[PDB]
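Taking the form solved without hypoxanthine (HPA), here's one chain by itself in structure tokens.
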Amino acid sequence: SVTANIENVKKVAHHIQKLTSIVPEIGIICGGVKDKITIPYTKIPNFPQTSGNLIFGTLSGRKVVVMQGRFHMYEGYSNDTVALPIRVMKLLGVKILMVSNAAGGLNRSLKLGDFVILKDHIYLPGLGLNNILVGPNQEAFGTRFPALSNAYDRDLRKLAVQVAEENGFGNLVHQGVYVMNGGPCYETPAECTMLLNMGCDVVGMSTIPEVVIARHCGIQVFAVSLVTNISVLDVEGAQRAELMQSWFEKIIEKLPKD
């Protein structure tokens, strides 16, 4: 709807900056914060509309902005719509984006409730000409052809694992390749088999577009899938929510800080 260029994103971010003094260093999109300011999307002009909230505050002694209310491609949201919040985070000061999502577990060693830290992704829609970055490149935010090298910051993944390991739930944590199915259908057994064989570990309908935008504008990304279902290969969340929440809090606690 509203082109996610520097002028429009600057407008939304400037507005939000009147609504709050909190300069978030960490962006959090969830698939508890202290001294919080809850800004409903409805309150934000030219900001995408789900009802969703942008929660600012402090988490493990860090300034965070939480996105409550997500914009999925399968809902029909445009590239710009989905990009805009992430680029706003950029202008607001977000240096690190932490994302959780629900995913089907393709990898046969995954179990319900497992955490699969994304170490890489296969952006099926992206490969198929539905990349969120298709269209004029917004040069203010990033380069025309972003590399997705170390897209899922290895250091953040290392830290997340350590945090999980140190807190006794290291057994739950895997790292894997997330493949995006544009959705909104769940994957057929044939699709899951194909996806597994493509070297995919978990499959979901979200996240990648945000990650691409985040990486495009230089926001480090941390992303974890919660395996909320085990993919069926042949045709013949609430639980782990507070664990994952605790995990995100603890990781943030140990995030480096300027």
The other form holds:
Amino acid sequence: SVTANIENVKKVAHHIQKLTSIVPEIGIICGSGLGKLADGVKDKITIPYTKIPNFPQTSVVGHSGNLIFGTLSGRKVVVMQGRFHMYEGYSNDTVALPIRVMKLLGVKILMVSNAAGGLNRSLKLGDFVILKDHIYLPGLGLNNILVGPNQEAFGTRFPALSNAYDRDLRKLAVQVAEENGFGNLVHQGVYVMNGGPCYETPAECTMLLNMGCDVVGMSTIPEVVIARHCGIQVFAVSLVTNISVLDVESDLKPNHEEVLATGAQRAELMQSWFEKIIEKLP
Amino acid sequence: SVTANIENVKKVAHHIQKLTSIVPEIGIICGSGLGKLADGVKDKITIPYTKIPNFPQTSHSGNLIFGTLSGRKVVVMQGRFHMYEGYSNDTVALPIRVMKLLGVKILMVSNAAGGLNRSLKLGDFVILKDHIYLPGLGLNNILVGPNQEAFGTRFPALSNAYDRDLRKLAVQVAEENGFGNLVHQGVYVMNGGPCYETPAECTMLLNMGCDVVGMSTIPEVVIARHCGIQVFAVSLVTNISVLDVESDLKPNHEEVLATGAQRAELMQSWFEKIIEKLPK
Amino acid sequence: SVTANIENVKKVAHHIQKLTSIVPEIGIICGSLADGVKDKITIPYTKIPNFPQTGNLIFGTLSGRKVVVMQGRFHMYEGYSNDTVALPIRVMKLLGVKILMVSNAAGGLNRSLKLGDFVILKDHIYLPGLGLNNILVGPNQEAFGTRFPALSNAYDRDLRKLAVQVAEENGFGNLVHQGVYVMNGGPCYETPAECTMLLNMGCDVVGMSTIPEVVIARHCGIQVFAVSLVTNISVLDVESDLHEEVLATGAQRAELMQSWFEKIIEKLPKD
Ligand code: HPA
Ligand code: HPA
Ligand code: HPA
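For comparison with the form solved without hypoxanthine (HPA), provide the form deposited with hypoxanthine (HPA) bound.
To see the whole picture, the full complex is given below, headed by that same chain.
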């Protein structure tokens, strides 16, 4: 669609800046469990994607995604309500543009949640697995979101992903969980992206687990790559919405409903957690 | 290619339904070892893909063969669409979704695969009990794109993708028919291809828990499972994968075809005998 | 861009053949040599109709042999198509290339590797290829090769043996390893988790290039010699403060790598 180059991203950023006076410091990509956080944003300005020229379009059953501006724990945020998952067939530019817009809008930290299957056998339903690293299967293939001409305006041709999941933010998130009595739910792990949209087969899960993957999802990494590429610090957490089935004999099967259910059930806690992290961001 | 949506798929199915009075309950995708299967089909009509508007075209044209096999109404796909050929997701998906509309409840598919598992012998049958969809994991899943809701859910689970009941039946059929010793169950990994796997790739795949490696089938399986078609899939081990970079052994497509053809009669009989035994 | 079929490749080859009399026997792709080939004819890509543009084809003699040096690669992470990446290699085939020598930069996965080490590729793991981004995906160009190429001895064992002997006799055999190159489509460097996974996949070095060219080369019957310069040691622990294209390691080893290539070419069998 529209190339996530500086010209287009500026155009979109400027259109947004006309619509809100909130200069976001924190971008929040609303994933599993963050539905309430998005909702609890203070003094919020809600801008439907449909109202932002050249902003990529996505919907939940026809309802446009929204950019939500306002504050959260006294910090200025922009919340993306409505993501651009690659299994939907969105282009690299589509996925990248909103993140690069965040960059120009002033976002310094991106916080993202997602739903993931627990590969690591110690994980429990409802666990939070803070991403400390990832395995970008599509990226290792030739489906890295950065494939194509590099937009030098945003980042370097060969971005390193050394400390992609900012260790300081991870430490803070863990501390906030600990201080608030749910440190036991919080783990740190390697998230592997399956392009999807099929859930992983038991053989695939077994393989991924053996690759050193703790959780598996179909999202997030592309956004993270774009965020890191343009120098936005990233905090990302997977909500373990289901325990990956490694056994082909099992009759138990992953399903989006239980994924949604776990997200819905953990939303209040995840909101509290994110709000309390935001409150303590440097 | 034309989108494998319900409107287009309906149109194709409807055109086909005007060409045959046979409501197939079993879809068969002929892969390695399934050459002489079309012959065994009775009350059969052969519909060249060329005769079906908006049906994908592949090679002589591919044929949609309807008729009765072992007392059961079948549609047999003669000519498949392999992703390494550059076919689109929609192209590969449409025939399976057409099968769905035509009434197919079970998809039976054979393919040729390299034997990674070191206990496999040339000419063995490896019933797929699971798969590793390397292209799918890497963002080339056949279902990438808007989900066609008339067919299935956005995020299909693949848990019993290779129907355990069909697998059990296939194994029982092989055993009672004296070739149980040829039959394994294993994990099929898809290499997009069209290169055979390097020794290093094979070693990696074997260590990933893969028993056989092929360049086909998974995309159809995914589409079949997405739209609720039960799947039975078997790989004929047409060659033993070479894991050793120092080895002079190597896959050869002619030998692969030869091995497949050699097993064709047995594979046919097996499929026929499985179909005969399917619950009615 | 233009389909890397026999017609288009012929057009380009024929064109190049008007611009030079040099029939190359060896094709060379330097990643991390061309600056020093005798009686060199420097052909800018821009001067070659239908030829991909990013860039020079440098024809001439190297260590007594006619070579074509490809200066300027087409990397998949750049968004170049399969046909674009393949065409230069198929052009080489048409030009007379029988041996392709390629060097590249790679991260050292194998823990025994040191910065500046040479890892001769003896095999590869084509992650994009396994995942449906194989350069050969699409109609097979039958004039060049078969539909399903085997990749047996893809990294010609005799050439590897020779390269090792040359390194040995020239007193830098200590630097030379052989191993498996895995391609990450890129352009991101691999995360520690990814490196760990790749290492455990049996990968010794990781880069973002080369395999597609090698695949095309093998597809059309060109012998391949490929070496990775270990330009950095892959970080496997996400807890480290250590990947950067600022490297540099290539500059350090440039003259050595170049001398090695020259000396290999010197010893190559000649029909
Ligand atoms: O098990 C899963 N696999 C992939 N994505 C997911 N999103 C939540 N659960 C899963
Ligand atoms: O060894 C193989 N690898 C990939 N596909 C195949 N089809 C038959 N044998 C093979
Ligand atoms: O560590 C690496 N990864 C990918 N490509 C490379 N080229 C130089 N080093 C690397």
